[PDB]
Amino acid sequence: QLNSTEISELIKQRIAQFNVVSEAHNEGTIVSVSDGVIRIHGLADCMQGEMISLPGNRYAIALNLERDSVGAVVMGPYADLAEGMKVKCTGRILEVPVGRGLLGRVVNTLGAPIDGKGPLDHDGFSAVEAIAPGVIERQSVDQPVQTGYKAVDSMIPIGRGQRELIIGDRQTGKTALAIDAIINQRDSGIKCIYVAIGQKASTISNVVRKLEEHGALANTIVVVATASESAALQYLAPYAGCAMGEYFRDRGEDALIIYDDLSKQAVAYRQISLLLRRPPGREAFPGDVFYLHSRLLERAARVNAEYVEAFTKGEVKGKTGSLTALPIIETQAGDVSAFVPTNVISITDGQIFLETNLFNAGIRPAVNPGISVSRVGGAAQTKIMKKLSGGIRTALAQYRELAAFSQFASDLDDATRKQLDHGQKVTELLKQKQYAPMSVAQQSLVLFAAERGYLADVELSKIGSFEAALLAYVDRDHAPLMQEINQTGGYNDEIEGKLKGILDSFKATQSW
Amino acid sequence: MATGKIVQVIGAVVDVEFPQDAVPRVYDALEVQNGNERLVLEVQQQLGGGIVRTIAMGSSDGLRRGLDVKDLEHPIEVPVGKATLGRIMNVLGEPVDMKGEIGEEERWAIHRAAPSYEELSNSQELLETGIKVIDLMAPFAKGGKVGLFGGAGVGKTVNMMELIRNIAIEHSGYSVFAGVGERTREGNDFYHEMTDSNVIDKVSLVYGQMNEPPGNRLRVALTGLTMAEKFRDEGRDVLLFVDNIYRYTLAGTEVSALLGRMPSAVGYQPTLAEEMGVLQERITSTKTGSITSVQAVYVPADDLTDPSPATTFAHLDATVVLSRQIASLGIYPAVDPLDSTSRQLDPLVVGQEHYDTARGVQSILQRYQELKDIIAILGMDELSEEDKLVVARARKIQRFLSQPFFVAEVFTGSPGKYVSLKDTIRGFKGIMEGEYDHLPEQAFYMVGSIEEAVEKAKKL
Amino acid sequence: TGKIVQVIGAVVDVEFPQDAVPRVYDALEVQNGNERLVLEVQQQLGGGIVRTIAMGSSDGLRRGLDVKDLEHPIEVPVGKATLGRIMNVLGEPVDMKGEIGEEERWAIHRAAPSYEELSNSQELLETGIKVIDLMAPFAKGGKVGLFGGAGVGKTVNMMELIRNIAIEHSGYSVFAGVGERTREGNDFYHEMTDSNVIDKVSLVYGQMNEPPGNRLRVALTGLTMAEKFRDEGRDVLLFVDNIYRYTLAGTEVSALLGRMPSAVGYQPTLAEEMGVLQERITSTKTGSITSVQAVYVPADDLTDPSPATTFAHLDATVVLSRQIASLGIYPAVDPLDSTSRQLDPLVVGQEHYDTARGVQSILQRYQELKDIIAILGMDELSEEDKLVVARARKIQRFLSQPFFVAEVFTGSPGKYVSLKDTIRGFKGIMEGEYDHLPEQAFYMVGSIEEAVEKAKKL
Amino acid sequence: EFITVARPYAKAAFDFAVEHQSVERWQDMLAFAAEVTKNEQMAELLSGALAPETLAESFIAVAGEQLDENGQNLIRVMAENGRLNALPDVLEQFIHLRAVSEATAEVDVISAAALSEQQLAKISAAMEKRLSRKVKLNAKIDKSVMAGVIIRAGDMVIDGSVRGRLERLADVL
Ligand SMILES: Nc1ncnc2c1ncn2[C@@H]1O[C@H](COP(=O)(O)OP(=O)(O)OP(=O)(O)O)[C@@H](O)[C@H]1O
Ligand SMILES: Nc1ncnc2c1ncn2[C@@H]1O[C@H](COP(=O)(O)OP(=O)(O)O)[C@@H](O)[C@H]1O
Ligand SMILES: Nc1ncnc2c1ncn2[C@@H]1O[C@H](COP(=O)(O)OP(=O)(O)O)[C@@H](O)[C@H]1O
Ligand SMILES: [Mg+2]
Ligand SMILES: [Mg+2]
Ligand SMILES: [Mg+2]
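Residue numbers (the entry's author numbering), protein chains in the order written: chain C, 2 to 513; chain D, 0 to 459; chain F, 2 to 459; chain W, 2 to 174.
Hints may contain errors.
Using 27 Å as the maximum straight-line C-alpha spacing, the simulated BS3-like pairs for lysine-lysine come out as follows [unchecked claim]:
hint, chain 1, residue 1, chain 2, residue 2
1, F, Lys-387, F, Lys-457
2, F, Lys-141, F, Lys-286
3, D, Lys-416, C, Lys-89
4, F, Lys-4, W, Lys-39
5, D, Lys-4, C, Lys-387
Just so you know, the hints here were simulated from the structure itself, not pulled from any lab data.
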């Protein structure tokens, strides 16, 4: 037996008049304050998801509409509020600045500039919560987005309009891979968005300083929800980034959006749910945490030209728009059977698994190709890369099948010894240094060198120097071929001839 | 008139209170004007006096307390019949393909009782699918159920596309595709592939997409079932494709957690084994017609033992397990011949010919597994003259199980091949008898029928 | 004006007039017998009720006592006058000297500095500890965390860092003892005072004797003092003796505050409680805070929510382990789990970076062999895997060092090893130029020359 | 037990009655409303799952002794929350709040044999100094005590019974 916000003076009011004299349904009064949740009494006409306006310039989102209470979460510092403050229900839902002028700015979850470079020049506002494009409005994804990593572009292609999860343990290069995927777009025509959930501000400062060393910051938006900000903002942060990315998609341009640790958005939402007393499921997560990420990631889409023409009212014709997502997840001790990883692995179109046993042994990026998947597959590759990467899957597959013998390798036969020592070389080939991305011509050239047997003589200790020398050789001598591959991605018997000649002349007349 | 009023809204769960004369029944459908739009709610529980707890079949945002709610005095009911062929519909039977109204004569409620054990009939007519490995290693009869088990990226969805294409083109049978928790990218690729292959006019589609609330994703299996039942009453033999049972069970778990039921074994609802039976028990062949079913089932983290795949096993008649290792060596359909199984694979039903061919193939592959690890150490020349023969024939058999699909042409440009069961048995039985010991291995790779291996050997 | 109406453990409920109700985080005062007790309000419930935590022993409180509303948060002395003195959580002096002659008092609840104000500094900071500044070097103004179970050496390491940095450093320094032994606070207070460095160190103690309110709020007091020194334009050292006790004290209070439990019984607000602290301890354009934080790991489980949510807030993470300390190898740092933001070729130079990566590579390859070594014995190893095992064990020994503060435990005198002098030694061991020495030649020595010498004497 | 959920309603009803001077009418109104809750046929209805407004309107009908606006409004507010069974406790806490406001007390005096009516005067006079309130005695006779007297005033007792003395001595040993 416990009370439900029936208290002395409210009851007395009702004693004197049970049928409340008609009173504004557009306002109510705070009756409770705790941990960022306020209980409001009144607000007969409040709608779920509505924005409620508090003294000062602050807002709350109405999430629980109960029998004579509205549970709302304060978007900002709440400790100032107090029982009895009056509050009004705006008719509105949350909206965020949207425009082309956000590129290069750092903005918080409400689009307020946080870098101090002065106000924004946006292009109007967009609702943070929106429905994704329908089934009939899509178009099949058949364009590559290049990360500049041999291991990812060869064996786990990402296509414009895809949703590729990056998942691994702590400190394995999850953020590194995504920020190299961003830096590599500086001259690709894809606008990037990096939204950081629950990180400490001095990490964001550092990634922005690295994005600005390289020329990438002029072409990317940063949305920050630091670890000190209230849960409502950390939980709504990804949707503001999606609402800023959908500006480009819906106008026939391409965007790329990186949600950094959705596994922290899930935690902020768990906090909000447990403070509103909602029934906990597994690991105390609320029931609907799948519907949380699902309706977020289903906004990444490629939309056909008819949808663009309808949306821009004929102003843009003949161009498809796209939005690509790379949500990041953190698994404790490599458990992919926890509640949050179990959902996002089921929503997305692919998975990049980063492993710490590989990261320590020096294989960086630590991509694990045996368990990584891309469902779009070769449809998102340039046909030169699609042709050449097909031999790497088989090389590494036979290697994974023979790897168990590495410890008895002395007793093996020379037939399988050659496969076992080829897999090691094509594995040592996929290692790569940070912030050093490769154009598709360089990747194709190196994967060609590996597939066609050229590296068989080179000792395992020299593959890195071999590659490093080969790239400089080709750069000084054969710039006109690289300039052709990088621009067409095409593959021919003529192209194969030219490449075979390059490799012969290099391996005969150079040294590494 | 509209007799009810909303009294709570908490996420997707809405409480509505009616006068106690006219409380809706369970599973009834209500209707409310969510702004400039219409929203239907499905009653889950009659709790307390006049109050009813419901699940919203749509976005809950914009709902106020006190809105007027009207009860449609019948469950959710969807269009059925020939009118639905070639259309895409959501859980409520509304078209999501922009081709306009459905044109249906008749509407059926999606909640109905399964056939009684005496209305059934057991007939052992094998389906012919046109895929070598499936027809040979995992035969399944009309009215039975097949489960495509495997991890992610192995081929469940393109295997189902291929089965649909074959059934629709080579046997002119109708089909229904229920996309329980469907990724819109794959749903659109499926729509364009069915319409390009010119089979759309014999499939009817139902999509509960991932971005929809749990209630939509849960009830879609029953809408697909109801359409397949309408086709059965007409005396047809239909085929029902469920795109993932795993997401049916997940939608059930979410719906359970929202209604506050006390959870169970690993966070799954308590009613898991009852929901699975409510679904799987309406799929049967009755004396008037037949529903066959093939069902993709994701196994999370390769363990086959957590409740979601563990419970479904009780209902399947055949299981085809797909492996990413096999797929990575490039031999699609990526079916493992040793672990796939069928209850119909016994001589009394498939004849001694098919049975002996199947067991002989499994035995040769099982022996090649043994010899692999001697070949690795001792090298191959230490094998007998007979064992080198088992090796060459096992490698040929292992190539021959691969096949080029008509729907995979978009991935590789290669044209598809349909292989009858006679050709399958004849080809494998020939290979195992040394009839083709003179051809090279690669002559059998992605070659379709056996007579096309001899053609390909001339060109190699 | 208020009345107490409930007393559950450490949380007290107080009833105020409808229009006089305190604000969140205000401080109230009760007269608990011949004592004055301070309550800090946490929540406003309906009807003028307000729920509080007692900054003191809760025993002896009746219902109906009158509580006085002080209209301000908890405020602590701050600035130069708080220097060389021990203080309570409430800012009261706790040594037997007189009152603190402070000019100014600050509220312990503050907002973290704006993103616009932060600053970034690659200036490497040398510590004479081989493993820490080979594997996980840290920078002036950065955060360091020492992760470890119970009894593995994350306080001895912190006292050696104090020795190597905080005596050789000019600016002020702050030490917050959150929920740790009072014996060690006394030992530290006298070690300071008997070497005259006390008058540049400010101390705050909330040791484990004290009820949950003190251990809960005592970290914010140390942070407030450090932030005052930062804003004056100085650069400061802040050492926190166990930050895990700041959240455990929240778990204790959480259920009484009426909040549903979360993953392993933790409060639902764990990540926010931790972030709103860890976010104000940072350097900025006006001045810098360099910090070292000891982070206890319960049940040695590094995937527990409380350690797991902390790794994201640190720049250098040094992970101590029991399976190494029980070999007698101190400091028991795990090099396959320690890490630093600063370990880049562009920050430490190609040679330091490359040595560190080679050391990780060898030790990892050695981990991979332990199962086959355990089953089949060491003789089945390839002729070059035996060499990997020998160099890995030599590297495991050479990572050990004698500290100056651990003389009391082992007699042997301390050693200081410079960075230039350790990368040279590890490059030597890896390149094979010491393969003729025995393993024991490397255990507990300074630079590599002392190993080459110890080998003569066996 | 409804001791904790009765407090708000008791305080609200007492404040309202105080403002309008009708405390003595409100106490009778609450007494009758509590009496209708004890009825065999009504205590069945209150347990049913009737809707609040229907339960209130069918409960209001059984009482014409309620001042039509406010006394019924209290019933309606309580019925909304499903607390009509709390009336027998709202009544007692209303009586207590009244006794506090009118500074009155009611102390039991338990004795082995009746007192002389001159003793009682002294006891009452002394208590009226022990308490700010005007006392009302209700003496009783108990044979377990056998000399002296027990004075119980609220939850404070002053024990001068010989029985208490014996059983307090036995523990000294
Ligand atoms: N290709 C690479 N080569 C060498 N080092 C790398 C590479 N990629 C990442 N690293 C290093 O690994 C360390 C961890 O990387 P990163 O921070 O990206 O991982 P993370 O998962 O984001 O860590 P956190 O758990 O803090 O998010 C960084 O210091 C980075 O310098
Ligand atoms: N028979 C096949 N031919 C060519 N590619 C295939 C085939 N089967 C699967 N794939 C590849 O696998 C990817 C996803 O297959 P799919 O069946 O959707 O996996 P899942 O079973 O996880 O849904 C496709 O994009 C395709 O590239
Ligand atoms: N360098 C060292 N040499 C010898 N013993 C050490 C060294 N460092 C730590 N120890 C041992 O570690 C034990 C654990 O002590 P302590 O560091 O206080 O653990 P905790 O970190 O839990 O406080 C000490 O009793 C001490 O013997
Ligand atoms: Mg990161
Ligand atoms: Mg699929
Ligand atoms: Mg300690």
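Each hint, compared with the structure:
no., hint, result
1, F:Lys-387 - F:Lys-457, "holds (24 Å)"
2, F:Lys-141 - F:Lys-286, "holds (13 Å)"
3, D:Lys-416 - C:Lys-89, "violated (68 Å)"
4, F:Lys-4 - W:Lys-39, "violated (35 Å)"
5, D:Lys-4 - C:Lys-387, "violated (59 Å)"
Violated hints, in rising order: 3, 4 and 5; the structure is consistent with all others.
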